[PDB]
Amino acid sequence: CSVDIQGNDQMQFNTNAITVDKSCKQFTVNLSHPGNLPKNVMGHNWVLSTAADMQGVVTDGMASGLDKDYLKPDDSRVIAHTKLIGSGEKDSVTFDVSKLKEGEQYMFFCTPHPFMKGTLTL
């Protein structure tokens, strides 16, 4: 009921599609950042939202700034998210699988690098 994801210096996630077993009651995303670049230069976060809510989350996120992990505080559109991390760091996030609906389209992405994205499916 977990998945390990890496966001590197070349602005790439090592997965573009996540599968969550609806049998799981909790899902865990373990984000790590291989490379040398610091959080202020190559910071990555892992954010989950519906495909439709993605742009809103990304724009309002960038405006919130680095100190707010490029995420709008208490954003109800963010189903789950990790903290912004720099190279060498690591951060995990666990969420209730019931926050997800079967058949709906979810996108996971990094707000400061929204092209680093993928799908999340139950």
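Residue numbers count along the first chain shown, from 1. Rigid core (definition): largest C-alpha set, two forms, superposition within 1.5 Å. First, how it differs from the form deposited in another entry.
Put the two forms on the same core and the Cα of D74 is off by less than 2 Å between the two forms. Fitting the two forms on the rigid core leaves the C-alpha of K99 displaced by under 2 angstroms between the two forms.
Core-superposed comparison between the two forms: the C-alpha position of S64 differs by no less than 2 Å.
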Second form
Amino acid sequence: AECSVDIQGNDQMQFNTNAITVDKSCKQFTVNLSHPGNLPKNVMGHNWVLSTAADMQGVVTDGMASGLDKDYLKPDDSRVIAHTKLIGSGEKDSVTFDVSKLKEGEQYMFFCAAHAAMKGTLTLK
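Can I have the other form now, the form deposited in another entry, not the form deposited in one PDB entry?
This part shows the chain on its own.
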């Protein structure tokens, strides 16, 4: 099985996929985020954030209120399973999480905290 994925966020404010699969055998899963654009992070920086679909809007609301100083996430928000740092063009970051953290029967999503329009699903198979 494969227990990691490579994902890109670019200068046009989009990720290069809207769907990640996590094999049910994985105990840990790694997301390798890169930014193959030319814009730096103070213009078009991206991160990658994981929550349930049901929690996404609340995470974004509280992140918005927390602001740029906190990379648009409430610090220590228990609804956020994992997240990367904010990266600009040519930079990269990876995050690894325990697959045991996914609540059984719940659909998960990923998104960019800076650009909540950038989103997708993360699913067990």
